[PDB]
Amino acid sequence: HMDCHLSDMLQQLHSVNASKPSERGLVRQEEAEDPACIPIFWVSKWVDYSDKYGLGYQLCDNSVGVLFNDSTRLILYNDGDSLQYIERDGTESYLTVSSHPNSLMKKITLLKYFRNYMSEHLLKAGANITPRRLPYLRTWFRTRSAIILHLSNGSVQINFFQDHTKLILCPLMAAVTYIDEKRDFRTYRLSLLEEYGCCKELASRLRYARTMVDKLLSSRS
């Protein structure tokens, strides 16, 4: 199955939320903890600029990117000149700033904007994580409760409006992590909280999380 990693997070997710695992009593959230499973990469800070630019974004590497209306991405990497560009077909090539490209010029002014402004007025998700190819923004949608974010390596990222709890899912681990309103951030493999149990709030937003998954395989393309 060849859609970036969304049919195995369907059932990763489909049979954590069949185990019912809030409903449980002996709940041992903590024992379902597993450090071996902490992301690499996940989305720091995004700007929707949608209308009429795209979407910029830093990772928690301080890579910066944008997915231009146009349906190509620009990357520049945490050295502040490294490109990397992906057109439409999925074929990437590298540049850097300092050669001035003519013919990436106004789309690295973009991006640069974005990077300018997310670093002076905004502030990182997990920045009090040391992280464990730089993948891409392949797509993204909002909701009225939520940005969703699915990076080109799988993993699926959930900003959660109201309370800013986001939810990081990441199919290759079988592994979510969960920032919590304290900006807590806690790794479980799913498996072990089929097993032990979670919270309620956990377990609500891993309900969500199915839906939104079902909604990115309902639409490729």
Given for the second form:
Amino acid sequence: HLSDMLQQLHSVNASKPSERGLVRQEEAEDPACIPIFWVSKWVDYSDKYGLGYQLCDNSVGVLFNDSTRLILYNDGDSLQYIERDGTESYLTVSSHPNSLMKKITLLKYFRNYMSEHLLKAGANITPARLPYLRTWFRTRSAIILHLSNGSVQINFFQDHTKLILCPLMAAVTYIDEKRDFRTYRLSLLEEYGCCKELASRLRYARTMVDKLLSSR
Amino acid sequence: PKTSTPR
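With the form solved without the partner chain in hand, show me what the form deposited with the partner chain bound looks like.
Now the full complex is given, and it begins with the chain already shown.
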């Protein structure tokens, strides 16, 4: 997946889309390539337990410090548990093993914290297998989230702008400072061009993505 | 920031 996207990002900013004579960003909008999934909230308790997050369908997951993953569906009952090696198991909070009690109460603490404290990102967007967080890392300016459907998301701590990269649709979704969302084909921002702010963040996404590629 | 954007 990521090699698919690095190539796409490499064409687009090889095209230097900001230096066009007439930039027509709006013609690169493609309402039909809106992502089905993105991360709407997150809690980093990785020094103690790991990374808690909410998906835009109100499901929540945890990537534990041991690289296990536990997902709660939006039905509040169905769980998916992924071991380090990727082995997948279906459980419920009703009928569940007792070896997972600690991780399930930790997940319940993450979901309760996110419900009380946080703002759901992109809540005005009306968006497929359920994805889990494959890997993540922070910098001083952004957090980088990579989902198991190939999508990469970057949340900037500065202005709360957000990027969502989908390799399958060859599309980037940009949420700007006033929370308006626009989805674009990467090959149509090749042609028409783009803003400097979004070119600046596409440049930065190329770095984050060859970091992700180097983590394998 | 230890969490995403609070409300």
